[PDB]
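For this depiction, one protein chain was excluded, whereas all remaining protein chains were kept in their positions.
Just so it is clear, A and B label the chains in written order, and each chain counts residues from 1 on its own.
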Amino acid sequence: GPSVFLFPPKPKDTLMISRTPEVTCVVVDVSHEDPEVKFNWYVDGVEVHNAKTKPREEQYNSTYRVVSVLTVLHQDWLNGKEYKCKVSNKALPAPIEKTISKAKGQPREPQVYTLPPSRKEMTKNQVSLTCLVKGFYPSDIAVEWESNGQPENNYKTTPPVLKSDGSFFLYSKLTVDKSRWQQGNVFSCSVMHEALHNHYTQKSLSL
Amino acid sequence: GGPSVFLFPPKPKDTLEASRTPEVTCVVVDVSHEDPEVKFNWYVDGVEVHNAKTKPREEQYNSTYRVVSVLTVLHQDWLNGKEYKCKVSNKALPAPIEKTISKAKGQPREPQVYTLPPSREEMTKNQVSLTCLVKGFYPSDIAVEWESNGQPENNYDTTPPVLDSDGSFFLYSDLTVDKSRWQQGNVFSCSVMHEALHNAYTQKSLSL
Partner (left out) sequence: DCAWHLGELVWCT
């Protein structure tokens, strides 16, 4: 019958106190005949009652997709409390239970370095500004670029790569006009990660 | 249902290094026990070829067999864009399954290769990172290595390619070395293999 998938909140939502993180319990292959689903939610084995069901959606293979959403607290999440979804349905001999938590293990702090473009790059119209973020754990991170308090348009971040010491690294590349670089403009690399002080840090780069 | 086919390319490094063996790889899965026989036909630009190596049935212990056929390609042929077709026949399919793969199509672009020293800030630690930025290349097939004094440097990690906003690709490679070695002035080299470079090869040095 139905299958259950449990999904974590977005990294930023857990890190920014001004945002609302949520775990999502997704039930697929719910039938046209027994469409009723009952969710039970537990936080470290203690039942909570604040979840809300999203509107039910019919798929093309004519099953329903049924979804319960639970608001979690930043620090509970960050402290690694366990969230359990219990799904009941008549097509189901017994209820299905899935459990989610933050990635297990001792967090490690992102070492963050800015790197100026190569001299050999000064030939081209555009130069590359490089932010190296390394030795972090877990891999939940956000990395953005800014100048004079404004987000920069043209940058790309590599996905996190697992190093052989068990931590992650990535690089973010900012592409700007040679002028802006050359005329002293200050650019900033911003990182969010649970293990940074205030989940934040900012490193700057200019000529 | 019936069998499913997956057709895998050779490794970029394999297609770029003459001493290496590039292979196209046709994998048939979900072969039943009651109908285990599988026929492979291989084509290169629509012309059938006869020298693929097909391996015996492999028991998967999940009610199915897995069967693999491996085609060795000529480097120059993969590099010049020849198409490779795997056609798979089995009694549980209504019709045979054909899959085709080739090198990505698009105007090849030369990789810009820039080396970047460790940050001043990194000098408080045992080990520093040496960076190789490789950008603007197309297609995404590429290989990156590191060396110092004619000897290979193994302690590195390279990001997969990332699609850049101008439709070209970039990646970075981090060679991580004992700080002492950097401070000595020791010369390190970033090596890049890619089709659009002269000699499919380039070497940019990095030192103090």
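Keep in mind that, in the parts below, a residue touches a chain if its C-beta (ideal position, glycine included) is under 8 Å from a C-beta of that chain, and two chains touch if they have at least 3 such contacts.
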Chains in view touching the one left out: A
Contact with the hidden chain (one of A:45, A:149 or A:184): A:149
Residue of A:102, A:134, A:173 or A:199 in touch with the missing chain, whole complex considered: A:199
Residue ranges of chain A at the interface with the undisplayed chain: 15-18, 144, 146, 149-151, 190, 192, 197-201
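Convention: only the chains that are shown with their structure count from here on.
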Separation of chain A from chain B, taking each centre as the mean of its C-alpha atoms, in whole Å: 29
